[PDB]
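Given next, in structure tokens, is a single chain: the form solved without the ligand.
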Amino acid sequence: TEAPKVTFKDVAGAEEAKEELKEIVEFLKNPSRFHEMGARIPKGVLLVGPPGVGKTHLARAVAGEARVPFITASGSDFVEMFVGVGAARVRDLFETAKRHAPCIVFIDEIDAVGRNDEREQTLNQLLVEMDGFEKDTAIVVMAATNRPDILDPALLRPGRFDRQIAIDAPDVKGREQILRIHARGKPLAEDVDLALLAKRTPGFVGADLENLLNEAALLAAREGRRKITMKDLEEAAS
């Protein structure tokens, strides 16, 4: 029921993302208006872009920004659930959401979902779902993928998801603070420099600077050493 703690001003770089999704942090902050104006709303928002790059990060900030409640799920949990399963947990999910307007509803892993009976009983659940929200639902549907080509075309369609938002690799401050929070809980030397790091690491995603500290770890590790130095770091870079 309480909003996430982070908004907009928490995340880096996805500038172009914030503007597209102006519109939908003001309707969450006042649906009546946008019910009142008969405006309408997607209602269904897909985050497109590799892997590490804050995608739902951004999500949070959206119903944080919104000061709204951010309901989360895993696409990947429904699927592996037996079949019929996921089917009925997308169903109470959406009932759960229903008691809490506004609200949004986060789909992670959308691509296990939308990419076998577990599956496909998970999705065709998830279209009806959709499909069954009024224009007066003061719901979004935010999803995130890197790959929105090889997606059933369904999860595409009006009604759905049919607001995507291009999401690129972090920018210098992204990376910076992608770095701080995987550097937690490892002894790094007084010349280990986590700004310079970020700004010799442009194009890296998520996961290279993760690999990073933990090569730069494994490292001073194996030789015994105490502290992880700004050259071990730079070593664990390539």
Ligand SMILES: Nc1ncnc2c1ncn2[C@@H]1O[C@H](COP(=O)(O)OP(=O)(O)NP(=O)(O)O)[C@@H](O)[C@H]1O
Contents of the next structure:
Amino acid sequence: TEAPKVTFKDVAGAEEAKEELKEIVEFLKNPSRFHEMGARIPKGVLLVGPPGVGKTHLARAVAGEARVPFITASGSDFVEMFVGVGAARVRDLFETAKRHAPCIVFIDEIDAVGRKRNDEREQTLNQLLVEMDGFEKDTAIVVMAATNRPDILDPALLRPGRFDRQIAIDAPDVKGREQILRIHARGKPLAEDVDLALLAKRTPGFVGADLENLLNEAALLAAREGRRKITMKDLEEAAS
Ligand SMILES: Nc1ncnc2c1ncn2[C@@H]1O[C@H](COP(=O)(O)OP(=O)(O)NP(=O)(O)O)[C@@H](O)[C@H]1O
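What would the structure be for the form solved in complex with the ligand, rather than the form solved without the ligand?
Below: every chain and molecule of the assembly, starting with the one above.
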């Protein structure tokens, strides 16, 4: 119902990607226009990249730049539910999404479903495939998923008509880094010498994971010494 609060303006970097998702955005705003023209869209987009680059953020950003709903689910939860239930819910997810088109359905950790872990997995994988093939030419709704290793994902998830469009996403740029830091740093008493702008400027190649431990780690070094604030030194030290 309520579109996200994130747009391509709040996503540092990923230029090459944002462009590719332009087409998807155009279709979620005017699904009738793309209908009239006799044009088709992939309807299955797998964002490819390493853990901690903000793939879900960009995904959520697509639903927001088109002011359309961002319906989410966890591929992992499904596989964790009694055999049959995980599938039942995949059935639900899409039956609800049909009722809120146009929209984006983000299946988180699609690797939980596509990668040979299992009765649950297989019943959840099968139900997802049918659901994605259960789409009509007039079905405004694009399914997005995220993964790091597309190679070992059941080939069926990638057959035309399903997740037949992939977009690579590299580690964040100095800004994407400054952002992740500023976030996690929330609730962490920093000293006056902490230059998060500079911290980001010197951790190239870092992913949201590396940038989250550095703070946590720098949090302990200071806690253990019983200091009330993380300083730029703790930060430099935590980095390695
Ligand atoms: N490129 C970026 N620009 C601005 N903020 C970002 C960026 N990448 C990540 N973030 C921030 O990190 C938070 C996590 O975003 P999310 O999409 O859930 O990424 P993730 O959980 O780190 N990793 P992934 O498994 O690759 O999706 C968001 O609240 C963002 O503010």
